[PDB]
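Student: Residue-level listing of the chains:
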Amino acid sequence: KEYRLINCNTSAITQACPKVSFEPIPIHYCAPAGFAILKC
Amino acid sequence: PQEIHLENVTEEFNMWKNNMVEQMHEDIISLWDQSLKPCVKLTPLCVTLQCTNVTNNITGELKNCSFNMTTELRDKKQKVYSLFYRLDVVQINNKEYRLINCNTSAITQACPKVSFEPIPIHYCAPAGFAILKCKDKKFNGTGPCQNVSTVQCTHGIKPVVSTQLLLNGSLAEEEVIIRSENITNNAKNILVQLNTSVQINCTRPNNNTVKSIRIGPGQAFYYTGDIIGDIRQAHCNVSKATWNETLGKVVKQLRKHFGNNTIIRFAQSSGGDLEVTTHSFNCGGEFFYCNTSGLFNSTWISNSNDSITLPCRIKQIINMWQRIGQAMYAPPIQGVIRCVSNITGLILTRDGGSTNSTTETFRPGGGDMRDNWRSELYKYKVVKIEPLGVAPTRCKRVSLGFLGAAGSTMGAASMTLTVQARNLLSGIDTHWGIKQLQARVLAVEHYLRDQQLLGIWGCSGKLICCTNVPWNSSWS
Amino acid sequence: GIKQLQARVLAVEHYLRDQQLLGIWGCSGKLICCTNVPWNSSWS
Amino acid sequence: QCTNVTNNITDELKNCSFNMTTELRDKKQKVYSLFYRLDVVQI
Amino acid sequence: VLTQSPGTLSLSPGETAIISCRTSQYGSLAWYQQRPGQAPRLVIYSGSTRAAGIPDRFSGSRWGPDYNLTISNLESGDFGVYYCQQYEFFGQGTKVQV
Amino acid sequence: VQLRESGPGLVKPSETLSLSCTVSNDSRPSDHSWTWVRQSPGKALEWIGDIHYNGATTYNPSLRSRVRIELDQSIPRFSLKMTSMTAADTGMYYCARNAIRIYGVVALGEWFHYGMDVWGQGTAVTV
Amino acid sequence: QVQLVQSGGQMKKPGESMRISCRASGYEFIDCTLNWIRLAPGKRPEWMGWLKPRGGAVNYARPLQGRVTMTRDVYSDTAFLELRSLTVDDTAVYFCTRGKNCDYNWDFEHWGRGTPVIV
Amino acid sequence: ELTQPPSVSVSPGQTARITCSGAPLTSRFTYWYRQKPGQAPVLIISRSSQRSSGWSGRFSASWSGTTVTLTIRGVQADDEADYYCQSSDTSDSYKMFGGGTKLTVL
Ligand SMILES: *[C@@H]1O[C@H](CO)[C@@H](O[C@@H]2O[C@H](CO)[C@@H](O[C@@H]3O[C@H](CO[C@H]4O[C@H](CO[C@H]5O[C@H](CO)[C@@H](O)[C@H](O)[C@@H]5O[C@H]5O[C@H](CO)[C@@H](O)[C@H](O)[C@@H]5O)[C@@H](O)[C@H](O[C@H]5O[C@H](CO)[C@@H](O)[C@H](O)[C@@H]5O)[C@@H]4O)[C@@H](O)[C@H](O[C@H]4O[C@H](CO)[C@@H](O)[C@H](O)[C@@H]4O[C@H]4O[C@H](CO)[C@@H](O)[C@H](O)[C@@H]4O[C@H]4O[C@H](CO)[C@@H](O)[C@H](O)[C@@H]4O)[C@@H]3O)[C@H](O)[C@H]2NC(C)=O)[C@H](O)[C@H]1NC(C)=O
Ligand SMILES: *[C@@H]1O[C@H](CO)[C@@H](O[C@@H]2O[C@H](CO)[C@@H](O[C@@H]3O[C@H](CO[C@H]4O[C@H](CO)[C@@H](O)[C@H](O[C@H]5O[C@H](CO)[C@@H](O)[C@H](O)[C@@H]5O[C@H]5O[C@H](CO)[C@@H](O)[C@H](O)[C@@H]5O)[C@@H]4O)[C@@H](O)[C@H](O)[C@@H]3O)[C@H](O)[C@H]2NC(C)=O)[C@H](O)[C@H]1NC(C)=O
Ligand SMILES: *[C@@H]1O[C@H](CO)[C@@H](O[C@@H]2O[C@H](CO)[C@@H](O[C@@H]3O[C@H](CO)[C@@H](O)[C@H](O[C@H]4O[C@H](CO)[C@@H](O)[C@H](O)[C@@H]4O)[C@@H]3O)[C@H](O)[C@H]2NC(C)=O)[C@H](O)[C@H]1NC(C)=O
Ligand SMILES: *[C@@H]1O[C@H](CO)[C@@H](O[C@@H]2O[C@H](CO)[C@@H](O[C@@H]3O[C@H](CO)[C@@H](O)[C@H](O)[C@@H]3O)[C@H](O)[C@H]2NC(C)=O)[C@H](O)[C@H]1NC(C)=O
Ligand SMILES: *[C@@H]1O[C@H](CO)[C@@H](O[C@@H]2O[C@H](CO)[C@@H](O)[C@H](O)[C@H]2NC(C)=O)[C@H](O)[C@H]1NC(C)=O
Ligand SMILES: *[C@@H]1O[C@H](CO[C@@H]2O[C@@H](C)[C@@H](O)[C@@H](O)[C@@H]2O)[C@@H](O)[C@H](O)[C@H]1NC(C)=O
Ligand SMILES: *[C@@H]1O[C@H](CO)[C@@H](O)[C@H](O)[C@H]1NC(C)=O
Ligand SMILES: *[C@@H]1O[C@H](CO)[C@@H](O)[C@H](O)[C@H]1NC(C)=O
Ligand SMILES: *[C@@H]1O[C@H](CO)[C@@H](O)[C@H](O)[C@H]1NC(C)=O
Ligand SMILES: *[C@@H]1O[C@H](CO)[C@@H](O)[C@H](O)[C@H]1NC(C)=O
Ligand SMILES: *[C@@H]1O[C@H](CO)[C@@H](O)[C@H](O)[C@H]1NC(C)=O
Ligand SMILES: *[C@@H]1O[C@H](CO)[C@@H](O)[C@H](O)[C@H]1NC(C)=O
Ligand SMILES: *[C@@H]1O[C@H](CO)[C@@H](O)[C@H](O)[C@H]1NC(C)=O
Ligand SMILES: *[C@@H]1O[C@H](CO)[C@@H](O)[C@H](O)[C@H]1NC(C)=O
Ligand SMILES: *[C@@H]1O[C@H](CO)[C@@H](O)[C@H](O)[C@H]1NC(C)=O
Ligand SMILES: *[C@@H]1O[C@H](CO)[C@@H](O)[C@H](O)[C@H]1NC(C)=O
Ligand SMILES: *[C@@H]1O[C@H](CO)[C@@H](O)[C@H](O)[C@H]1NC(C)=O
Ligand SMILES: *[C@@H]1O[C@H](CO)[C@@H](O)[C@H](O)[C@H]1NC(C)=O
Ligand SMILES: *[C@@H]1O[C@H](CO)[C@@H](O)[C@H](O)[C@H]1NC(C)=O
Ligand SMILES: *[C@@H]1O[C@H](CO)[C@@H](O)[C@H](O)[C@H]1NC(C)=O
Ligand SMILES: *[C@@H]1O[C@H](CO)[C@@H](O)[C@H](O)[C@H]1NC(C)=O
Ligand SMILES: *[C@@H]1O[C@H](CO)[C@@H](O)[C@H](O)[C@H]1NC(C)=O
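Protein chains in written order, with the authors' numbering: chain A, 189 to 228; chain B, 81 to 139, 152 to 185, 188 to 309, 312 to 323, 323A, 324 to 398, 410 to 503, 518 to 548, 568 to 615; chain C, 572 to 615; chain D, 130 to 140, 153 to 184; chain E, 3 to 27, 30 to 91, 96 to 106; chain F, 2 to 35, 35A, 36 to 82, 82A to 82C, 83 to 100, 100A to 100M, 101 to 111; chain G, 1 to 52, 52A, 53 to 82, 82A to 82C, 83 to 100, 100A to 100D, 101 to 111; chain H, 3 to 9, 11 to 95, 95A to 95B, 96 to 107.
Mixed in with the good hints there might be a few duds.
[Unchecked claim] Calculated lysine-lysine pairs in the BS3-like style (CA-CA distance at most 30 Å, straight line):
hint, chain 1, residue 1, chain 2, residue 2
1, B, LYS231, B, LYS252
2, C, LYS574, A, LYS227
3, B, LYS344, B, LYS97
4, B, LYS168, A, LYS189
5, B, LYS282, G, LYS96
Bear in mind the hints are in silico, worked out from the structure with no lab data behind them.
Based on the provided sequences and hints, a complete structural model is requested.
Tutor: As structure tokens, this is what we get:
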């Protein structure tokens, strides 16, 4: 039967680059000058 | 907003060399391109169109055009019917037509949610700079201005796009003002600022039905499906009495500029593209191109609710601020369009070229759009404040009045240093954000250059800093 | 990119507003600035 | 579809004929152009 | 509104040519040199400012409505027709000949 | 909205004919094109000319040189003068309201003729 | 490095129309006013008119209005001058010109090669 | 002028097609009139709306190339009459009127 990809009629589907991996890595958010991050 | 009158400042203004007009032009282009960029590219619309005339069932501005348009799937095409205006469609090869800007330039569709209503924009200087407003009621537009005031920024300037006529914006305070760089130079445009507005009631009476199809993943193309009622044509109205009085005022001022026995003829635009030969303007997002021959159809000899209806053609594919490679498609708006604008000025071009005098003919000239903004920015000059002065003395070591005493003598202008020194840090859409960032960085850079100069002079916080430099009579 | 540079400019502007305000008070170089303003007993 | 440019009678430039798009998506045109041998590879 | 007086002025090479021009309007004037068989070229603009590449022999103007182009030390590249422009009007022209 | 004609019972050969038509109890006679037609008894019907309240007139190009049409804007009456009519030219003359319906702006041409809806009568007056 | 290239060598009979081109080079065509000027021996050079791209605005000399038309193609950097009805008095060399500084277009430093038109 | 047949004949109850043609008929609306002997030539096909002619009626009209057809449904003895077409000139400088076709019901 005839099928289409689920998001072709609503969005532009972008393929992820094969070198890019989706494993999470820690991201540290840092205060800019004049600010502090308080931790509880 | 706090405006500070400069009591005895005489300042030479030149609206034709005003950097605010060039900056405003660049800003309007950048804002147009940024608002238009994240929208449908309409590359699939450059196809061969099978266009027939829109007919009355018994028998031609609009054409009913049939195209093989793409869909969300690339292997499937759909037959689409759409009503395009003759001015958007170029005949190629009987029945085969294509869009006006498909052979040259790319046509980007405006996003359907984007509003084209001009909203007043106040162009504001960074702290450390100021804008001088010329208040001379009859100001020529060039030369010394006697009534000068300073503002951080201008009145609200609507970014109204118009050509032959200037719509909305500022009116003259006492009389029609004829401004030109050189009235004897026929290559310059004449910007007429009226003291009374002429109301122009303009409409697209067609009850257009707007259809929407996909032409690619996420790419929705908006077009006119049909007309529910009679086709008619778009048109603008101005009253005969108000317009004829306006032209009377204009010829009185031109006779002030020319001989008092000169015959002044208004005639239609002798040529050029549609943006020049017609009054091109945005009416609620629709693009009107009004013939305006009926306004500039008169010979003035030196000595009732009946309206002048100007035919207006409508275009959907607009190339405004004509540029190589650019074009926009304006989607149709569901229903009937009506807008009422104030004609606050004119752009006239004198023909000249004759050695038989006593008669001058003035034709509308759309020109560039820098003139439409010049007609609003004519009062304004951008100046950099130089708060660090040096002068001989006998020493051996609110924002009201911000630039006051500028036209006053020294000494009297040395008692106001506290207010001038203050407000030099704070003052009296990617594009706007970057301009805000550039303005703030520049204001900080100049503030710190001046404070650094005071520091290295040993004057870091004195405001009046007496020094140990003897005054050299060779300086003054 | 733009928002980070705007944050840097805001940090600079806040620093300069505090230094300018101290300058208005004659306190720009003192860090602890004793001045001639009586304290109102209503202010805790 | 490339041939040698040749000297008209006998055998670095390849004379390539191809079906290129036009300003209209629906229509194509036959284009004859000269490419350098270093600009093309065989299929 | 723009009248040139000399008409067919005659001078041998090396002599000084004075080309008058009466103006009825205010505005920048320009002088053009047209050689036979060639397009005119600008020699003077803004009254007395020399166009780029023009030898120093070309000069002359006045504050009043009477301009006087001075052409000294005429060479084989001279002896054309000189025109006096003010906006759209160019004047009759003055043939410079030996 | 009724039309009633008037004219002489007899005219001379090669003499000017003068006819009139009265418009009764209408509301906007100034919108319509007031027109006359001529019909030879038993033969084809033809239009001779019309006039609008705005001063515009039209005439059949084969007849124009001998036909003049006028209307009275004060008293709602429609008049026709035809120079040097004879037996070979004459026929029953009818007046009609070639009604005009306005769909847009009349100054822009956005009116269409509705047609001669309301008709009077006529007599083939000659000789 | 501005050089205006005109298409010429055109001869026509009285009553015919002429159409001559001027290709611009060396500068941004769309941003600077071009002028058409008619030169002939024994006559005052007559300005035909200016054409201002980025709109294509025109200014035709008063005695020529109704006969002279100017247009342009900004995508070919080409200006066109057309005279609808030629007479014997139109014999002249037609020049395409540009001002020295586009702020003031009358200082015609840049002239084309010229188009002789014989009528 | 607009050429018409001199006569048409149909049976009662049939649909009658009365035609006319001419060059200016291709661009201007064609109006139709029905004239009885001794009576005024009142309208049968009038123009209403700029983009349709329509008009609920027993009659109806069709435009095709240079020929315009008047289609009369349910023709009865009451429909015997001289039918005429009218149209304006291509520049509306005059009104062109057809010679008429006599419709008899037998
Ligand atoms: C710039 O300046 C311009 C110049 O000043 C200005 O132009 C003006 O523009 C407006 C539109 O914007 C125009 O308005 C139009 O006016 C037309 C005429 O209006 C008059 O007549 C009608 C008809 O009434 C008849 O019947 C009554 C009943 O008794 C009589 O009293 C009347 O006198 C008249 O009878 C005449 O005919 C009889 C026939 O024998 C005679 O016996 C008799 O003597 C008379 O001669 C009235 O209704 C009008 O009054 C009403 O007007 C509006 C509502 O229409 C109200 O405000 C007001 O209170 C009244 O109710 C007036 O007297 C109108 O016909 C026309 O209407 C059409 O268009 C509008 C668009 O807005 C539609 O909404 C509307 O539905 C109409 O469309 C139908 O009709 C048209 C015309 O036939 C068709 O083309 C269309 O397809 C549609 O047909 C449909 O209906 C038909 C029945 O009506 C039916 O047959 C069809 O099958 C179909 O169903 C519109 O209102 C105005 O005229 C312009 N002015 C000029 C001077 O040109 C412009 O606006 C200015 N622009 C700006 C931006 O400022
Ligand atoms: C620059 O300015 C000058 C000076 O103002 C202008 O020239 C002037 O133009 C006016 C406008 O016409 C002249 O005034 C009079 O014009 C009428 C003709 O009127 C025309 O316009 C009306 C608009 O209402 C229109 O009705 C007329 O057309 C009807 O009559 C025609 C008769 O020939 C007919 O062919 C046509 O089809 C139509 O009739 C049809 O419709 C009516 C609807 O009522 C219907 O009843 C009828 O049966 C038909 O169906 C016509 O277009 C003349 O008769 C007067 O004599 C007078 O001329 C000024 O005279 C004129 N002045 C000069 C010096 O020339 C310029 O145009 C202006 N330029 C521009 C570019 O605008
Ligand atoms: C000069 O100034 C005048 C006065 O401001 C201006 O005319 C005004 O234009 C606006 C915008 O076209 C009109 O407001 C519109 O009114 C209609 C009435 O039906 C509304 O439908 C419109 O809504 C649309 O836009 C909205 C945007 O917020 C959308 O949310 C909405 O869905 C619609 O798309 C809109 O409100 C206003 O009515 C007129 N004023 C008058 C008196 O008619 C004129 O356009 C200016 N001149 C120029 C050249 O721009
Ligand atoms: C049109 O442009 C000209 C510049 O080309 C504007 O300035 C005018 O320039 C001329 C010189 O080119 C001035 O001439 C004056 O002449 C008299 C008599 O010789 C002399 O006494 C004066 O000192 C001066 O040199 C002229 O005055 C000057 N115009 C003005 C108004 O000062 C001209 O102003 C421009 N025209 C307009 C209407 O703006
Ligand atoms: C894009 O496609 C999807 C899938 O076709 C549409 O969503 C609905 O999906 C269900 C799946 O069972 C269907 O039964 C519905 O009929 C679909 N609805 C419609 C309106 O087609 C989704 O709506 C489509 N998006 C757009 C913008 O039309
Ligand atoms: C303008 O100034 C008048 C005094 O002018 C001052 O003295 C003369 C001699 C010049 O040096 C001038 O530059 C100085 O400003 C005032 O009387 C007058 O009111 C002022 N006008 C205003 C504020 O509109
Ligand atoms: C559309 O109208 C124009 C008007 O000039 C006419 O020449 C053309 O043949 C018409 N086309 C169709 C398909 O009816
Ligand atoms: C769509 O493509 C088919 C291919 O056979 C062609 O016949 C048809 O005319 C095209 N339709 C349009 C509207 O161009
Ligand atoms: C400046 O303003 C005063 C009123 O404050 C006015 O009298 C004067 O004429 C104005 N000057 C000019 C040049 O308009
Ligand atoms: C306008 O220019 C003239 C030139 O003579 C000058 O006298 C006049 O004062 C100027 N007007 C204004 C309001 O500056
Ligand atoms: C507008 O200017 C004219 C110029 O003639 C003048 O007569 C009129 O009084 C002024 N009107 C208003 C309302 O400002
Ligand atoms: C138009 O002008 C009038 C005065 O003539 C003014 O009161 C009104 O605010 C103006 N309106 C617009 C929309 O510009
Ligand atoms: C225009 O429209 C306004 C309301 O928007 C109305 O009151 C006025 O009478 C109209 N005037 C003209 C000149 O069209
Ligand atoms: C355009 O043609 C299509 C063909 O189906 C038709 O349905 C549509 O109504 C036409 N549009 C107009 C405005 O005549
Ligand atoms: C406009 O005003 C002039 C005044 O000279 C008058 O003669 C003329 O009739 C007026 N024109 C119109 C169209 O009202
Ligand atoms: C405007 O209309 C006039 C006559 O009404 C016409 O000659 C002229 O070409 C039209 N101008 C444009 C730009 O369509
Ligand atoms: C257009 O026509 C539709 C028909 O249903 C109607 O509902 C709508 O209100 C009309 N719109 C206008 C603006 O006249
Ligand atoms: C004053 O200035 C002159 C010229 O600049 C210079 O030669 C001289 O040394 C200076 N005098 C002093 C005392 O510095
Ligand atoms: C202290 O606060 C009171 C509140 O009423 C006020 O009147 C008084 O002036 C204040 N004094 C000082 C020194 O701020
Ligand atoms: C071109 O010439 C070379 C000569 O070595 C030959 O090998 C090659 O096959 C030729 N190619 C074509 C396409 O004729
Ligand atoms: C172009 O397409 C046609 C389709 O029939 C094909 O025969 C032809 O060989 C193609 N041309 C080239 C140069 O690839
Ligand atoms: C094709 O594009 C050129 C500009 O490159 C333009 O002048 C021309 O008019 C366009 N073609 C047609 C048929 O309009």
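Student: For every hint, state whether the structure bears it out.
Tutor: Going down the list of hints, with the structure as the test:
For the proposed pair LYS231(B) and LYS252(B), the alpha carbon gap of about 21 Å is at most 30 Å, so the pair holds. A C-alpha spacing of about 24 Å is found between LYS574(C) and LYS227(A), which places the hinted pair at or below 30 Å, so the restraint holds. Note on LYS344(B) and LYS97(B): the hinted pairing holds, with a Cα-Cα distance of about 27 Å set against a maximum of 30 Å. With a C-alpha separation of about 15 Å, the suggested pair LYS168(B) and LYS189(A) falls inside the 30 Å cut-off, and the hint holds.
Between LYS282(B) and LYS96(G) the CA atoms are separated by roughly 16 Å; this keeps the pair inside 30 Å, and the hint holds.
Hint violations for this structure: none, all hints satisfied.
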